[PDB]
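Given next, in structure tokens, is a single chain: the form deposited without this ligand.
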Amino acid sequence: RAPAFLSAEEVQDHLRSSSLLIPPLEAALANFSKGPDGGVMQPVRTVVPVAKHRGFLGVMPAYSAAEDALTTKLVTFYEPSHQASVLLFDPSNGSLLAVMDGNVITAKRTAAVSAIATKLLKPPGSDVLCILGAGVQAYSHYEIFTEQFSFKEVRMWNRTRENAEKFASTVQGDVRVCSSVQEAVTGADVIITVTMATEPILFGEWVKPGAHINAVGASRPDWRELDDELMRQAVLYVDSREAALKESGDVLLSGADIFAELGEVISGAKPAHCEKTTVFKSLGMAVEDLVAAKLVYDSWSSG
């Protein structure tokens, strides 16, 4: 029997509520971090180079025993530039139940993991939010952050100012567009770096002590968003230690020590040092995509 096909529009209609998405993501992160005691099977991503066209195909299968869900995300990146599809299988008989868009899931799931980390890691008296970058991830983060948290001031810097200005006028609340990374981050309590810089743009010397940084961009071993002082002096949280030590250049080039996985903090195995300067380095994980995709399918197929 043919699978259902769920377009980007159909996916977004079944993922309007972050409050429905955050809890299973917290469960998934915690379970992943339990490893062999947690029921998640998430093998290393396989990437197949298509050199003749300057492209990559990535494949990210995952199974969650706890939710009883089997998925595979297939993503292509080409120098939209990122295109993703999520496959959802019936875990009891292997049948292919759905092929759905993966871009929306990725935007929403990444923003949601960042919010979870920020809930746990932001300092006392978190009044200022700063966003570095102005693309898809800046929008999805802005959406969930301004609804989950109460910020007095939201600031933005982008490599090209015109795009930050467009962002600012499009979006509902007030956002202060800044001339530099420096101006944007000075006095900021929470920082979101959703950028395509390959060399450090955020320097530890500008960071307010106790600030929390969700570092989302620079998902290659040679690419960095953050300097050595910031990566070495902050308490460093990640989603996956294995993935970070293979894929994150901020981690690898700085030589920084990983304190914990976010899932270890959710489960109580590791403390949330929200008083100290913190970096959450997000790479993304197949089980996060699994969680959102399951949530989309169960919603679509019933209500």
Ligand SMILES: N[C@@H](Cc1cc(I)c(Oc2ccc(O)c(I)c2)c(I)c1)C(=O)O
Second form
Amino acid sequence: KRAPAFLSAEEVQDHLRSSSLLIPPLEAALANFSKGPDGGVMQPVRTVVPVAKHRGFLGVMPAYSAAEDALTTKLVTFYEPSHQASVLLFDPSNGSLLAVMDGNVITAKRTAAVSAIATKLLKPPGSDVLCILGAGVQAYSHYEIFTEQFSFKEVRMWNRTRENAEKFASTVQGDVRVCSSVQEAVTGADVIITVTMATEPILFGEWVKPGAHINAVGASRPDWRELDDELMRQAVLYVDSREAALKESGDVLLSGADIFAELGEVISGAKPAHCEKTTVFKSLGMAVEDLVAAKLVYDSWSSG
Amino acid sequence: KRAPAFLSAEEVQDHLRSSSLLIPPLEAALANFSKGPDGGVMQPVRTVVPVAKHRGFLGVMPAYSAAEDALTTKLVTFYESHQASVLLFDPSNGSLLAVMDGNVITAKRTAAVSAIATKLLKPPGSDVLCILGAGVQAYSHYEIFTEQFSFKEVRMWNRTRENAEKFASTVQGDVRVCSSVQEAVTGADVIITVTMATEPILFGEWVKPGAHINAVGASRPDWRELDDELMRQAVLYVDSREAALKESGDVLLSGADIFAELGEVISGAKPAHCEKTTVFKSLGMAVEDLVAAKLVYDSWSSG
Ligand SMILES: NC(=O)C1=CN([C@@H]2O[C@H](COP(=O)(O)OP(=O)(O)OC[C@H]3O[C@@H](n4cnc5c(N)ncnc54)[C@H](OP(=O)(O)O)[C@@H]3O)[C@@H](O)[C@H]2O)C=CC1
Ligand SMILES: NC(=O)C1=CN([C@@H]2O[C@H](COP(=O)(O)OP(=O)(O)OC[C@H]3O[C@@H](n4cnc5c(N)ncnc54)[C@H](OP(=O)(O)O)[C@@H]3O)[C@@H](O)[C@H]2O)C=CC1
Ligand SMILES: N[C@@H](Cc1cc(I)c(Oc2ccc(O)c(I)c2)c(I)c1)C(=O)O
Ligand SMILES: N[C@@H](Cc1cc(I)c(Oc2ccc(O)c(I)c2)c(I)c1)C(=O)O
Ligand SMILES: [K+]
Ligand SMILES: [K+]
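Same protein, different condition: the form deposited without this ligand was shown, now please give the form solved in complex with this ligand.
The next block holds the full complex; its first chain is the one shown before.
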């Protein structure tokens, strides 16, 4: 038995600079995962252990991928540096723990990448306007990859605290139009990203342009929601994992919306991408996404 | 973020030298676990992820203890070799404080819980100890049992006789190596089964009435160390009912009824029927690793 490598957030960052290297293996993983028993992924739905005394939670997210031949576990905490994560990478041939690495950078990057994959498939024709609700870590990681991958004529932002949206707009490279309400930000928007910690709906279907695509990334708890019933039930609903969406997403559970497809099914050709219709991609994240990122990082680090 | 501490196997051993210090917090943890919600332990049943391509398995064992105010996760692999690591978090903010070897922790806490069960359940006049198996668990059980108890004779059987002789010459006191399980258990007051046998090796017919058995091996729903006569005739104690019903082939395949959790005995909710033949079926649970990891981390961080 020997000690694992430790890779800091900076070291992870140094080995995850290129979305063109992250997107392809994510697409493959989503597809393989959605094949279920016809693929090679073993991923139990995330386990959450409450830490009631301190208003905290520990998420446990193991996965094995036969196709990548990779074995990982992400451990994530949230306390009401509030979000923290670590990823463990094992030698799949003998179980040895090879690496413990920061999970924060990975969470930022793989989440944004999965949203970008969904948007490539689901954005309507004439997607000129992007709208981001929220101004935190995920707002930044999404903005980064979306402006790399796509060309929008306008990017808009609303945030609960306007000052933080204005800081965002000052910090990032391109022009961001800070809006005074959600309604203003989303009216006329073709692609929407919701990356907030809202617990009750902030985005109402009445305001959404027919055909818009929404990446619904927040409200990551079964009692929490970012979207109203009109939007959840009017939109064609795509998810990352059916099992996770029906356990963890308040938007899905409380609206009672039918799930049309997993993103992986669209990628593999099993289900259609109805980009012309108003679409919601409800994202929860899942262990195999962390596995893909951790493997990329580890392979890059270990090869020099 | 601050880098976590990494504690190797030898550093863990260096900070778990005293069973005297490990037993009391384990007793409290077992009692609190068995109290259920009001005991403050959050411990989901072990998740096992198969790695079929390499004939392996990953088990993930998280726990929170309100009483100790500690948050851990053990990750263990078994490949058809067992390797474990324990992560210890700051419970107030989720920061990863330590990554430590899990093999030494597992060896120590398992032996300690067997010792707790044995203190409660060994028959009056217990003079003879028998160990079946001769691997890591045999060593840890031997160390703590000869420290906590006073046996007049210790016997051992192992499938491979050479490894039992190596054990007998390696450990401090006298060990009588026996050529069969039956020989080793005949007349024994306390028995420890620490093998990877998949089919029964220990038959109730051979067990002295009143004997206490710590059944530590066959840690899979399709594996067994004990026969039906022993499992059905003995008073059956476990660490976790839920885990025993999911993970133990001895319990599942025999159809035996579980009398009590060890924690219920400790708290007084269930009696210790030490006069009867008793089996403590140990699966292990996350809160035991939590106790040991906290003791280790606290000792190490103190200097
Ligand atoms: N689908 C997935 O895979 C992943 C999901 N997430 C989820 O994404 C969301 C954003 O995460 P992250 O960027 O790291 O978090 P951050 O803490 O960095 O930012 C949180 C954002 O939510 C806003 N906010 C907090 N409370 C409310 C509220 N009551 N109403 C409206 N906005 C609010 C904040 O605004 P303000 O400036 O006013 O404080 C801020 O813009 C979270 O819900 C998170 O759980 C994260 C990663 C994985
Ligand atoms: N209840 C709990 O909390 C814990 C449970 N365990 C379980 O305890 C047992 C021992 O673990 P450990 O000491 O680490 O393992 P080791 O690998 O160190 O030793 C294995 C032992 O099992 C024997 N053995 C292997 N196959 C058979 C067989 N078919 N029949 C009879 N004996 C056999 C070996 O004998 P030989 O020399 O001939 O190979 C050896 O004595 C295992 O079953 C393990 O899963 C351990 C961790 C915690
Ligand atoms: N959503 C991000 C960050 C995040 C992680 C965790 I653990 C969180 O706590 C809970 C609490 C109860 C639950 O039932 C669930 I599901 C999650 C929250 I709120 C957010 C991620 O997945 O990393
Ligand atoms: N018993 C020791 C070591 C150990 C750990 C693991 I993961 C093992 O593999 C499986 C495979 C399928 C299962 O259903 C179960 I339950 C366990 C085995 I065999 C042994 C411990 O608990 O650490
Ligand atoms: K659309
Ligand atoms: K007894």
